[PDB]
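If you want the building blocks of each chain, they are given just below.
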Amino acid sequence: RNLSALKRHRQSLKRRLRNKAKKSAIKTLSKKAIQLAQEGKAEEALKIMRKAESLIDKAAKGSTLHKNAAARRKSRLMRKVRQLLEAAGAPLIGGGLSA
Amino acid sequence: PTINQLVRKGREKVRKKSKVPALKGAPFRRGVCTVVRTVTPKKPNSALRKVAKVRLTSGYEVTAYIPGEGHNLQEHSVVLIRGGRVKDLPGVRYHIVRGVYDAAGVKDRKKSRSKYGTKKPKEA
Amino acid sequence: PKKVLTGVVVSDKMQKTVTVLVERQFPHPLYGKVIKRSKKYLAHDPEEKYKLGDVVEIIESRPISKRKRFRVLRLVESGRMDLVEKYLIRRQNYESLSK
Amino acid sequence: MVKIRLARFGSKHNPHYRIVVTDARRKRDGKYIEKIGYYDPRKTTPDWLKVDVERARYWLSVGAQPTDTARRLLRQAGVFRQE
Amino acid sequence: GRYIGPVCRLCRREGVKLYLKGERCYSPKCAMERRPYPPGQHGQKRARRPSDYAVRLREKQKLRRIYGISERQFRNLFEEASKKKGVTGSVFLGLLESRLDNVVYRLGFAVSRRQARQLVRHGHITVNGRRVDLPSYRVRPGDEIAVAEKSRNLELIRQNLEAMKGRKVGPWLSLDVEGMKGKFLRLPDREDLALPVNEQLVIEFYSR
Amino acid sequence: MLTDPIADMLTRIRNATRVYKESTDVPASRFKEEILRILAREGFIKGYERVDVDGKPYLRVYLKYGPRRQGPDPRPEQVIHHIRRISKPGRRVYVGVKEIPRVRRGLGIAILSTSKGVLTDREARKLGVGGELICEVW
RNA sequence: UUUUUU
RNA sequence: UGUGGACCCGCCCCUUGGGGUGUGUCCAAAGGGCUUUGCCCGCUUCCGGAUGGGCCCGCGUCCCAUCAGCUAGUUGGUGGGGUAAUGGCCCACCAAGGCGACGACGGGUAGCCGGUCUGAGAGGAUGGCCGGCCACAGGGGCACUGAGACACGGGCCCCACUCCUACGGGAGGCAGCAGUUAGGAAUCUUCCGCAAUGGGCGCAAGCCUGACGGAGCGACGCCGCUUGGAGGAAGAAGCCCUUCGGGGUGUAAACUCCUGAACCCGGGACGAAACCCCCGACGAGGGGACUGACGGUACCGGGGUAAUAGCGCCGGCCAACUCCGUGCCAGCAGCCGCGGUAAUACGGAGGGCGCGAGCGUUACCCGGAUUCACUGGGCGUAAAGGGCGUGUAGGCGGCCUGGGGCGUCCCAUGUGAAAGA
Ligand SMILES: [Mg+2]
Ligand SMILES: [Mg+2]
Ligand SMILES: [Mg+2]
Ligand SMILES: [Mg+2]
Ligand SMILES: [Mg+2]
Ligand SMILES: [Mg+2]
Ligand SMILES: [Mg+2]
Ligand SMILES: [Mg+2]
Ligand SMILES: [Mg+2]
Ligand SMILES: [Mg+2]
Ligand SMILES: [Mg+2]
Ligand SMILES: [Mg+2]
Ligand SMILES: [Mg+2]
Ligand SMILES: [Mg+2]
Ligand SMILES: [Mg+2]
Ligand SMILES: [Mg+2]
Ligand SMILES: [Mg+2]
Ligand SMILES: [Mg+2]
Ligand SMILES: [Mg+2]
Ligand SMILES: [Mg+2]
Ligand SMILES: [Mg+2]
Ligand SMILES: [Mg+2]
Ligand SMILES: [Mg+2]
Ligand SMILES: [Mg+2]
Ligand SMILES: [Mg+2]
Ligand SMILES: [Mg+2]
Ligand SMILES: [Mg+2]
Ligand SMILES: [Mg+2]
Ligand SMILES: [Mg+2]
Ligand SMILES: [Mg+2]
Ligand SMILES: [Mg+2]
Ligand SMILES: [Mg+2]
Ligand SMILES: [Mg+2]
Ligand SMILES: [Mg+2]
Ligand SMILES: [Mg+2]
Ligand SMILES: [Mg+2]
Ligand SMILES: [Mg+2]
Ligand SMILES: [Mg+2]
Ligand SMILES: [Mg+2]
Ligand SMILES: [Mg+2]
Ligand SMILES: [Mg+2]
Ligand SMILES: [Mg+2]
Ligand SMILES: [Mg+2]
Ligand SMILES: [Mg+2]
Ligand SMILES: [Mg+2]
Ligand SMILES: [Mg+2]
Ligand SMILES: [Mg+2]
Ligand SMILES: [Mg+2]
Ligand SMILES: [Mg+2]
Ligand SMILES: [Mg+2]
Ligand SMILES: [Mg+2]
Ligand SMILES: [Mg+2]
Ligand SMILES: [Mg+2]
Ligand SMILES: [Mg+2]
Ligand SMILES: [Mg+2]
Ligand SMILES: [Mg+2]
Ligand SMILES: [Mg+2]
Ligand SMILES: [Mg+2]
Ligand SMILES: [Mg+2]
Ligand SMILES: [Mg+2]
Ligand SMILES: [Mg+2]
Ligand SMILES: [Mg+2]
Ligand SMILES: [Mg+2]
Ligand SMILES: [Mg+2]
Ligand SMILES: [Mg+2]
Ligand SMILES: [Mg+2]
Ligand SMILES: [Mg+2]
Ligand SMILES: [Mg+2]
Ligand SMILES: [Mg+2]
Ligand SMILES: [Mg+2]
Ligand SMILES: [Mg+2]
Ligand SMILES: [Mg+2]
Ligand SMILES: [Mg+2]
Ligand SMILES: [Mg+2]
Ligand SMILES: [Mg+2]
Ligand SMILES: [Mg+2]
Ligand SMILES: [Mg+2]
Ligand SMILES: [Mg+2]
Ligand SMILES: [Mg+2]
Ligand SMILES: [Mg+2]
Ligand SMILES: [Mg+2]
Ligand SMILES: [Mg+2]
Ligand SMILES: [Mg+2]
Ligand SMILES: [Zn+2]
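Chains as they are written, first to last, in the authors' numbering: chain T, 8 to 106; chain L, 5 to 128; chain Q, 2 to 100; chain P, 1 to 83; chain D, 2 to 209; chain H, 1 to 138.
There could be a bad hint or two in this list.
Label pairs and their computed distance ranges (CB to CB) [claimed, not checked]:
1. T:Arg25 x P:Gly30: 53 to 59 Å
2. Q:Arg63 x P:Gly30: 32 to 38 Å
3. T:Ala12 x P:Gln76: 54 to 60 Å
4. L:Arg34 x P:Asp68: 34 to 40 Å
5. Q:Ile65 x P:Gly10: 28 to 34 Å
6. L:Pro94 x Q:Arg91: 51 to 57 Å
7. P:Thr45 x D:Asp134: 49 to 55 Å
8. P:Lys35 x L:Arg34: 34 to 40 Å
9. L:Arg34 x D:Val56: 55 to 61 Å
10. P:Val53 x T:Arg83: 50 to 56 Å
11. L:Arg12 x Q:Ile65: 45 to 51 Å
12. Q:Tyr88 x P:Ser61: 46 to 52 Å
Everything labelled a hint here was simulated from the structure, so no lab data went into it.
C-beta atoms are modelled at their ideal positions from N, C-alpha and C, and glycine is treated no differently.
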């Protein structure tokens, strides 16, 4: 009895919280950004879409989103922001997106 | 039948039914005796043939034949069933191995000792 | 090579999708006569181009949905309902031979 | 990682190895990529080792890793001899 | 282990002289002399016409019993002959004639077949300088079948090679009598053997 | 309607030769004509020629037979001893070049229909082509 | 009546 | 910090999400070790190779029609969610579709193949061992961690069982190697070893390895080998038959001579060369050193004893016959059949035939069986023409020319792993 492969299980729950935390940040910021895009604030939605992107590409640096999984959310975000930003557009910050 | 017929229906392989329902298709099956009897054969012959009702490890109750000039098998004795039919006795589909648990080999058997299960004597 | 087939459209009733019936000739593996089997394929028609009775070339594609792994390449021969009427009549015969 | 190693094809007390390219994860006698030579340890025949070096030289370019015993035999057929 | 027992009783059952006894099959004691009828109580009774299988069976035994081989090695040798290229009939004989124990007798090193077997089995026979103690060893053309110098001083060996003086050997064999050497030149042909056995009969025995 | 004109022609000859007809007619067809050409080349028939009967074209097949024989049944030995249609409708027979049989250990022929034409079994093998196996003739 | 047609 | 990559948008070339480019935004990292000024083990981003894999497609893949109708995420669409990635994989909404006699749906059975057995072949049967793929880890469900799992010896939960229990609650999971028990006709040692090969970790030394290599037991299979060789009476004893003359066991034995299975004595392995150390630059190359389970086994040399034979059958198929015993009894029997007073068929003996460390038996598979007939069958009377018609589907198609080249035929090539054959 008493194999020390339980050491792996103990680490598994460490990484569990880590991955879980970063994801809940990604989601909460993305929904906050797309809220503003739908609500027409062009600067604030952009200032947030940047941090969402930065948080995404940071999550991929580790073992959370490592694959193109990061790219999907980055892709989906910038589209829905730019789309929702088409209601009296005026892309004020213009930082995150391309001309 | 036409070629087209064969394409439509095709031949039917002939299924061969087993002659020995000793289940698990086993080479042998052991069982306990129910009755030890003596039965009369079919038309051309006449004799007293010693047989036995056997409750089988296959969950079967069948009749088995007792080979040899004489037997020690009793009502409760346990035996091993061989298989193969007694022609002139209807319904007896299986034989009995002599030289197995409670069925001794035939005494004074000097010719065919592989069958009937008897050992090799000594010559002084 | 992507597998390519040639068959006749027997169904118009779906959206962006046509059912293509591809016959096949091959000798019987034992009895040696030439037998004619056939199999229906669900083809993708994005532009709703092809109609009932059209004979089209179908090509193995990246799956569009369940049961839809083929796209319509080009129209071979247009409008021969005799091939469709052959299929309908056989399908219509199954209302008999039930009870 | 793809490796170069031996595979036992001889019999009991008569071993015969097949120098072989295979993924390290497959069985030592299991499926392999390419047979690149044989090894008779008991040296029962005049030719008890053959390599086809230029093939073995290919797999070392694409990152195969030989065993200590495989590298020992490859050196004996001069895979690494560079003169 | 092969058949071991009365031999010149099998000279009788085949109806043909079987020189498995070595000498005394030549002297008028073989029991083929003044007793050609088969052994047993009914040997002197008139024999019934043999069935078509009876003839084929007896012909195989007449050949098998001559080389002194069990049916096991015998049958395998046949199944080997049928696959190889050539006439199944003659090839099978050449394979029997390639048996080391049979070559030893054929070379006159031993008086009989059984005797030549024991000489091999005890290591007295040399094949190309090495000892070979297996009677079933097949000799290839060109191999030297010699006598171990350990045994060259044995009186049994100097006995048989004394009568071999001036004696001729088969056209597919040759022997040096003094140095106790010997050589297997080639596979014998059907004509090279005088064996009183119809080979087509033995083939026909195995088609069943 | 006639079902298989070839088997019909193969039979028209089979039937005529059993009563030792001098000649027999078969409805004219180019494919049939190529069959008759192989038979006239391979010496199974005296030959053939086109002819019309009641205006419709036909093919006179002149049969040949052996010598009038000895005691009872003086009828001669047949030149065509056997003819059998192989690849019939409803069950077609196509053989590659390696699948072409040896008819009667060489003494007979196998009329093959090939992309390179109607050939005997030997002609088809030296041409190195297979095809539809028409019939045995020996 | 049952086996055996010699 | 931006080599570069990721993302929105535009442009270019390709053509499904492939490659490039522009602007903008976002994204990098870790040290350790010494022979410590340089090198080794590592770290980060990107591109490519190699290997391994996911998903999708054509085709092939057992029986029952006494299963004939099946289907609601079911069929498709748009948009979204999720994934490494397509997809009703999931979700919302829209359309009403999708499948079936070319066997749907249901039921039964079963891992599949390379191969194996059989067979003249076509074919039939089978899938143990070994190799490839798949599925499962007490039953069911679920995710976490990760390049990779929904994970045999990881986690959570429900259920059945076993153990601990202070009755509150816990611990488990041999279809890993042995080993026990149960069932069963039946299936092994709780063995040796890290020496070889292979795998995991490490700079290395080394550590781990019931993978593996070996031993053990079992005639379970295959193969090789012994139980003697030669001389030996027109022929002992005993047993068996007898026309009472004699015949048989039979050169067989006794006995003469030679060899020398076992066993004793000594020598005594190959499987093992690298990793490492040293020179050379930790490269090539060269040089050197340690390293056995099997096992003192294999093998060689010396010594050396005549030294296990069994089982089946002998009425025909089918090879081998007489006597006595028994009298439709006791019994034989694969089939046809033997025995009811002379039985070559029962039972024993003598003798004979067949194999021989095996011989028989039962079960199972193929064979003979052309007895499911593609090769290769039939239906007047032997088993078999539907009571007759109409006609649907399907199958089948007269003569001439021409296009196409799907079937068909030919060449080249790729593939057809290894083992087997
Ligand atoms: Mg750890
Ligand atoms: Mg939240
Ligand atoms: Mg993950
Ligand atoms: Mg049926
Ligand atoms: Mg009772
Ligand atoms: Mg006995
Ligand atoms: Mg439509
Ligand atoms: Mg879709
Ligand atoms: Mg297209
Ligand atoms: Mg309906
Ligand atoms: Mg793998
Ligand atoms: Mg190199
Ligand atoms: Mg140089
Ligand atoms: Mg140089
Ligand atoms: Mg053969
Ligand atoms: Mg050949
Ligand atoms: Mg041959
Ligand atoms: Mg031959
Ligand atoms: Mg010669
Ligand atoms: Mg045969
Ligand atoms: Mg740049
Ligand atoms: Mg830029
Ligand atoms: Mg830091
Ligand atoms: Mg880090
Ligand atoms: Mg690649
Ligand atoms: Mg299917
Ligand atoms: Mg819905
Ligand atoms: Mg979608
Ligand atoms: Mg809509
Ligand atoms: Mg179909
Ligand atoms: Mg199952
Ligand atoms: Mg075979
Ligand atoms: Mg099959
Ligand atoms: Mg199968
Ligand atoms: Mg398996
Ligand atoms: Mg499960
Ligand atoms: Mg269990
Ligand atoms: Mg489970
Ligand atoms: Mg990992
Ligand atoms: Mg799993
Ligand atoms: Mg376990
Ligand atoms: Mg335990
Ligand atoms: Mg038990
Ligand atoms: Mg074992
Ligand atoms: Mg390493
Ligand atoms: Mg351990
Ligand atoms: Mg092992
Ligand atoms: Mg006497
Ligand atoms: Mg003797
Ligand atoms: Mg001695
Ligand atoms: Mg060694
Ligand atoms: Mg060495
Ligand atoms: Mg070491
Ligand atoms: Mg140095
Ligand atoms: Mg070196
Ligand atoms: Mg030792
Ligand atoms: Mg010795
Ligand atoms: Mg003795
Ligand atoms: Mg027999
Ligand atoms: Mg007989
Ligand atoms: Mg008997
Ligand atoms: Mg009496
Ligand atoms: Mg009588
Ligand atoms: Mg009597
Ligand atoms: Mg008797
Ligand atoms: Mg008897
Ligand atoms: Mg006897
Ligand atoms: Mg043996
Ligand atoms: Mg059979
Ligand atoms: Mg058959
Ligand atoms: Mg046959
Ligand atoms: Mg039948
Ligand atoms: Mg037929
Ligand atoms: Mg045919
Ligand atoms: Mg019939
Ligand atoms: Mg009738
Ligand atoms: Mg009628
Ligand atoms: Mg009727
Ligand atoms: Mg036509
Ligand atoms: Mg048509
Ligand atoms: Mg073509
Ligand atoms: Mg191969
Ligand atoms: Mg090979
Ligand atoms: Zn003799």
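Violations among the numbered hints:
The structure breaks hints 1, 3, 4, 5, 7, 8, 9, 11, 12; every other hint is satisfied.
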